[PDB]
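Novice: Spelled out, the chains give:
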Amino acid sequence: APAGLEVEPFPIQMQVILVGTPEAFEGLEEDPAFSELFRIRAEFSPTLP
Amino acid sequence: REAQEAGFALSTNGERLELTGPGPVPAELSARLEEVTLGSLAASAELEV
Amino acid sequence: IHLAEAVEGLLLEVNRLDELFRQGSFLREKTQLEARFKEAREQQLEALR
Amino acid sequence: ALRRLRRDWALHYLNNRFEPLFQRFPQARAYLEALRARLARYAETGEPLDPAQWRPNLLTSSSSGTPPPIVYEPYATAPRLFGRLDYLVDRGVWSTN
Amino acid sequence: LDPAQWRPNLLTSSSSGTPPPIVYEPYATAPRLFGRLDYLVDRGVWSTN
Numbered sequence: 343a344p345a346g347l348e349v350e351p352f353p354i355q356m357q358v359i360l361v362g363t364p365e366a367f368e369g370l371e372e373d374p375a376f377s378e379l380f381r382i383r384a385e386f387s388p389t390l391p
Numbered sequence: 148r149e150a151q152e153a154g155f156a157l158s159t160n161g162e163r164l165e166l167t168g169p170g171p172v173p174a175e176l177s178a179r180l181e182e183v184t185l186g187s188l189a190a191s192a193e194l195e196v
Numbered sequence: 099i100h101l102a103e104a105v106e107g108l109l110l111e112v113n114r115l116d117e118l119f120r121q122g123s124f125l126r127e128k129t130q131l132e133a134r135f136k137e138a139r140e141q142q143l144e145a146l147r
Numbered sequence: 197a198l199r200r201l202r203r204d205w206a207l208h209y210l211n212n213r214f215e216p217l218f219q220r221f222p223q224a225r226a227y228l229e230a231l232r233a234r235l236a237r238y239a240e241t242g243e244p245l246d247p248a249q250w251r252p253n254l255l256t257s258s259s260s261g262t263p264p265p266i267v268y269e270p271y272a273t274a275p276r277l278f279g280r281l282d283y284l285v286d287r288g289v290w291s292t293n
Numbered sequence: 245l246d247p248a249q250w251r252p253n254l255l256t257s258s259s260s261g262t263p264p265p266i267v268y269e270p271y272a273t274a275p276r277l278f279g280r281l282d283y284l285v286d287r288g289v290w291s292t293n
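Chains as they are written, first to last, in PDB author numbering: chain A, 343 to 391; chain B, 148 to 196; chain C, 99 to 147; chain D, 197 to 293; chain E, 245 to 293.
Just so you know, not all the hints are guaranteed correct.
[Stated by the list, open to error] Some but not every residue of chain C turned toward chain B, in silico, with C-beta under 8 angstroms: (1) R120; (2) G122; (3) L125; (4) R126; (5) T129; (6) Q130; (7) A133.
Don't read these hints as lab results, they were simulated from the structure. Every residue, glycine too, gets a C-beta built ideally from N, C-alpha and C.
Work out the full structure, taking the sequences as your base and the hints as a guide.
Specialist: Below is the structure:
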């Protein structure tokens, strides 16, 4: 940066939906901040009736 | 015409112009002179664009 | 988007500002101001002489 | 004194053009005035102006909520996640806007 | 006399004590906690004040 830019952080008004395998979420569910941020577990059943 | 109205001669040296006559020209005459100079500059710019 | 074209218009109003500086009244005021200042200048010069 | 006179004339002229902007956009009242503060500077000191540093950057496409703005990043990287801020090199001169 | 090198650098958030100065850092880092001293780059020249 020559002098940089004082860009105050962009507000986050969205809904963030994270999609992935259960194993990938076995290394991203330890954080208490995780269960505070995301608390809606939409588990896809690997089988259907 | 405004210059000879007061008995002053308008000397056209080029883009810049000068008034020759008895004593200093009135502030209104100098304002008109500068207005004409700036208008000529802006008119050249308008012509080229 | 409306902000975008409004900002573009304001940006191009620099020429409007220049034309405002080309107006007769503003130029008369500027010439009269430099008139008092130069007047003080030759007042000091006359005092010295 | 000439600088002050030019500043005064600039402020006198900019109010009538900025007030309709304030009426239609009271939320931009800061930036507009700030933008006017840039134009007021332009007249007073006689400084130049950069239109790339004083132009509203747009990020999100305007939507009515149907369909909802949906973006999925298969390759999540900070330049693509939160965006990025890019810089310009002009023969070694570092610039940004 | 450089104005930037001889100007006070106000840090304290002035308060009456009720409520007292309350500062909370969810994210703790040395620049955030202890402050920082920045520098300017002028075509490759490092400057400090």
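Novice: Are the hints correct? Go through all of them and say.
Specialist: Against the structure, the hints come out as follows:
| no. | hint | result |
| --- | --- | --- |
| 1 | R120 | holds, 5 angstroms |
| 2 | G122 | holds, 6 angstroms |
| 3 | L125 | holds, 4 angstroms |
| 4 | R126 | holds, 4 angstroms |
| 5 | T129 | holds, 4 angstroms |
| 6 | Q130 | holds, 5 angstroms |
| 7 | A133 | holds, 5 angstroms |
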